[PDB]
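Number of protein chains: 2
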Amino acid sequence: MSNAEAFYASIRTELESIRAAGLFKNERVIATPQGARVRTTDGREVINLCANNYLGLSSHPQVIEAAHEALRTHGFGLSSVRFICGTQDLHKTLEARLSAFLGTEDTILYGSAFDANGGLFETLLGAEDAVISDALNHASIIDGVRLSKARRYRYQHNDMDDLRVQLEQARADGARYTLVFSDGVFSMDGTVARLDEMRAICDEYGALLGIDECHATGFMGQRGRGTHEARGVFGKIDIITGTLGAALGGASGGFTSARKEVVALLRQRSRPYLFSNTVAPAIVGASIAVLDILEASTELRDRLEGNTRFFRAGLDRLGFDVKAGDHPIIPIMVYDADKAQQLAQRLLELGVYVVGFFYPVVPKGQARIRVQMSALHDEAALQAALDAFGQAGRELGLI
Amino acid sequence: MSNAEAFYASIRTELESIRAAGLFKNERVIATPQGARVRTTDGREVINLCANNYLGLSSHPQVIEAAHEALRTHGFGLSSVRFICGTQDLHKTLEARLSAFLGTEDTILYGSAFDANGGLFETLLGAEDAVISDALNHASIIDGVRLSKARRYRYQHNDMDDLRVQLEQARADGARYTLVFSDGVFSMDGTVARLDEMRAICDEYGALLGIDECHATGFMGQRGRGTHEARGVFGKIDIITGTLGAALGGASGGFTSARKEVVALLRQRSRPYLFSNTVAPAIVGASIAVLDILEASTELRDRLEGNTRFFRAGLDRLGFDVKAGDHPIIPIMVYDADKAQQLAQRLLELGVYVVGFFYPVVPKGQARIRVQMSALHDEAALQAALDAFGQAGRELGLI
Ligand SMILES: Cc1ncc(COP(=O)(O)O)c(CNCC(=O)O)c1O
Ligand SMILES: Cc1ncc(COP(=O)(O)O)c(CNCC(=O)O)c1O
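Respectively, the protein sequence lines represent chains A and B. One point on numbering: in UniProt numbering, the residue at position 290 of the first sequence is 290, and numbering is uninterrupted. One point on numbering: in UniProt numbering, the residue at position 354 of the second sequence is 354, and numbering is uninterrupted.
Bear in mind the hints are in silico, worked out from the structure with no lab data behind them. It cannot be assumed that every hint is accurate.
One copy or any two copies: either way a pair holds, since identical chains are not told apart in the list.
Claimed, not checked - Each computed DSS-like pair below joins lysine-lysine, with the alpha-carbon atoms no more than 27 Å apart:
(1) 260 <-> 25
(2) 25 <-> 364
(3) 149 <-> 260
(4) 323 <-> 339
(5) 25 <-> 92
(6) 323 <-> 364
(7) 149 <-> 25
(8) 364 <-> 260
(9) 364 <-> 149
(10) 260 <-> 236
(11) 92 <-> 260
Bound conformation, chain A alone:
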C-alpha cells in the first residue's frame, strides 16, 4: 500500500460511513427552468417548495430578457478581476442602485455572498480587534472570520443577554474595534435577528453592526429592503453583505454594502475582489432590471408574505410545529435524519419537491425539511402541497 492509495481508502471509508449514518446527499436532476413548478429528468412535474427564489425572479421573463440584452450589448464573459479590465459601466450602475436600495453610501460586487463574507473581516479588522457572531452564523461568515486575525466571540442564538456578555468580555479583553455580526434572517431556522435591540446594544459599547441579508433582501420589510428595514434600523447598519443569488435573480453574484471608505478599502485590499473574476455582464445587467422591478411595486413582496401567511396557517392547522405567521423559511423539524430523508422522498411521490436537511448542514439530532415559500405559488399548488404534507405527515407519524 502506498500513502496516496491509502488516502483514497480513507476517503472511500468516509464516504461509506456517511451513507451508513443516513447522511448521504443525493442530487435531483431538474430538466426545466427554476419555477414554482418544475420537472426532473424523469418527466415528473412537482411543486418546488425549497428554492431561494422567493420573489420568482429566477425565471422572470423581464429578468430573462434583461440577460439577453446585456449579452447583446456587453458580451458573455469579462475574464478579468475588477481592477484590470473587469469593470463595465454595468457594475458601477448596479453598485449605485444597490446602495440606494439598501440605504448605504457605496457597494462592492463579489462573485458570491460566500466571497463577500470571505473577504470582509480580514480586510477591515486586525489582531487588536474583535468580531462577535451569533452562534448560528452562516458558514461563509465563520470562514471569513477564520481568515481574519481578529479575536472571536460567539453569543447564543438570538440571545441579547449573551450578546451583552460577550461584548463585556471583548472589551475586558482589550478589544480596539468591535464588530457584531449576524445573519439578518437565519438560513436554517427562519428566525429574524433582533437588529433593533442589537443596534441599541452596539451603540452602548461603541461596536459596529454588520448583517448578512441573503434571506432578506428583496422581501423583508414593507418595501423589501431587508431585515434592517423590518427592524426599524434602515440607514443604521454599518455593514451589509448579501447575495444576488437568492431573491434578486438567483443566477450568481454577491455584494458588500457599507460607507464609502469601507467599500473603498475592500476594493484595494479584499482578496476575492483582487484575485477572483468579476460578475458576468448578463448577471449585472439582469440585476439592474431586478431593482427596477422591486422599486416599482411591492406586489411580489406582498404576495410572498400572503402565500407565507396562508401556508403557515395551513401547517399549523394540520398539527405540524410551525409558528404560523410570516417567515418564508418554514423549518419542519424532524430531528432524525432518516425521517427527513423519508419525508422528502414520500412528498416527492405525492408531487412536492423538498429536500432533507441533515448534518453537516444542520446539527445532528436536529434534521429538518426547510420549506421555502415563493411569491410564484398559486392557491392550487399551495392547497395541493398542504394535502401532500397532511398525508405524508400522517403516514410517517409526524402528526
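Got chain A sorted already, so can you dock chain B with the ligands onto it with the hints?
Positioned in the frame of chain A, the structure of chain B with the ligands alone reads:
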C-alpha cells in the same frame, strides 16, 4: 469621539496611506464587450492586452448564442445550492465533459476557482496531514489551506530540490497523507510548474499532486488540455482545481476534478458546494459549447501560441527582459509602483490597455505590467502594440 467613528477614521487614514504609497487602484469603466479591442466610456478604443480571455471565447458568437439558448431552455438563475434544487441536467453534462477533457474520473462545479480552492483542503485533509505549496501559489490556494487543519510546508518557487527538502521534513514530522499543491501556470510571472519532475518526486514519497489550472485550461498542451498535458502527465494528476472565467468563457464558475471518491466527498462536505449558489444555467450551457469548440479544433490555442511567440520575441528585440516565447503571460517588471501606473497610463494614451500590478497583488518593490496574450489579436494590433511598448518603454527608461 466614538469607537465606531474612530474605526472609520482608521479606514480613512489607511486609504490615504495606500494612495501616498502609490498603491491605490482606480477602475477603468469599459463600455463594450470583452475583446481584443475595447472601448472605455470616454470613447477611446484601445488594444486589450491584460484579460484572461486567452482563447477569445469571452465574446465568441457561438458562446454568446449558447448562453442565449440556455436562458431560453433552462432559465436565468437556479437560486439554490446543488443538493437542494440547484442541479440541472446541464451541470451533470458539463461535469462529465470536463472530466473527459481533463483526464479525470469526475468533476465538481463551484461558483469560482477561488471557492474550489477554498473548499478543497479542509474537506480532504486533517491535522494529521500535510500540504506542500510552491511559495508563489495563488491567494485562493493559501486561503483554502489556511481553512484546513493540515500542516503547511512551502518550497521555493519552482525549486525541485527544495520540494524534496519539504517532503523529507513532512515525512520526518510524521505526516499521514501529503498533498503537493501548485499553480499549473503561475498568475504573476507566467512560469510553468515542473509537473513532470513533481509527479516523479511525489511518487517517491507517495505524496499526492494537485494543481491549480486557471491559467492553463483550454490552451496549455498540444490539445489545450492543461499544464499536465504540456508536461506529459495527463491522467496522472490527483487533483485539478480550475476556473471557467479565464480561457473557458470568462463569465463565472470553477471546478475541482479528481477520482470519483474525492469528488463525491467534495459534494458531501465541501463548504462552498453545500452553502453557496450553483453555477447559473447560461454559464453551464455556454461552457458545454466552449468544450464543443475546443474539442473540435486546436486553431484558437494555436493562434494564441503564435501571437505570444511573436509578441515575446518582439519585446525581446526591443530590449525588454522578456525571453523565449510561448508563455501567454508576459511580465514586464517596473518594481516602482508609480512607474507601474505611469507605464500603464502612457500605454493607454498610445492605444494599449494594460494595468499596473503592485502590492498586495505582487510584493512591495516588485511592481509590474502583466501583459496577457489572446488568440483574438491580428498582427496589425500586435504590431501597433509593439510600437506602443517600444515608445513608452524608452520614454520611461525601461529600454
Ligand atoms: C491561479 C489562480 N487560481 C484561482 C483563481 C480564482 O479564479 P476565479 O476567477 O475562478 O475565482 C485565479 C484568478 N486570477 C485572476 C488573475 O490572475 O487575474 C488564479 O489566477
Ligand atoms: C446567510 C447566507 N449567507 C451567505 C450565503 C452564500 O451566498 P452565495 O450563494 O451568494 O455564495 C448563503 C447561501 N445560502 C444557501 C441556502 O440557504 O440554501 C446564506 O444562506
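Hint by hint, which ones does the structure fall short of?
Every hint satisfied by this model.
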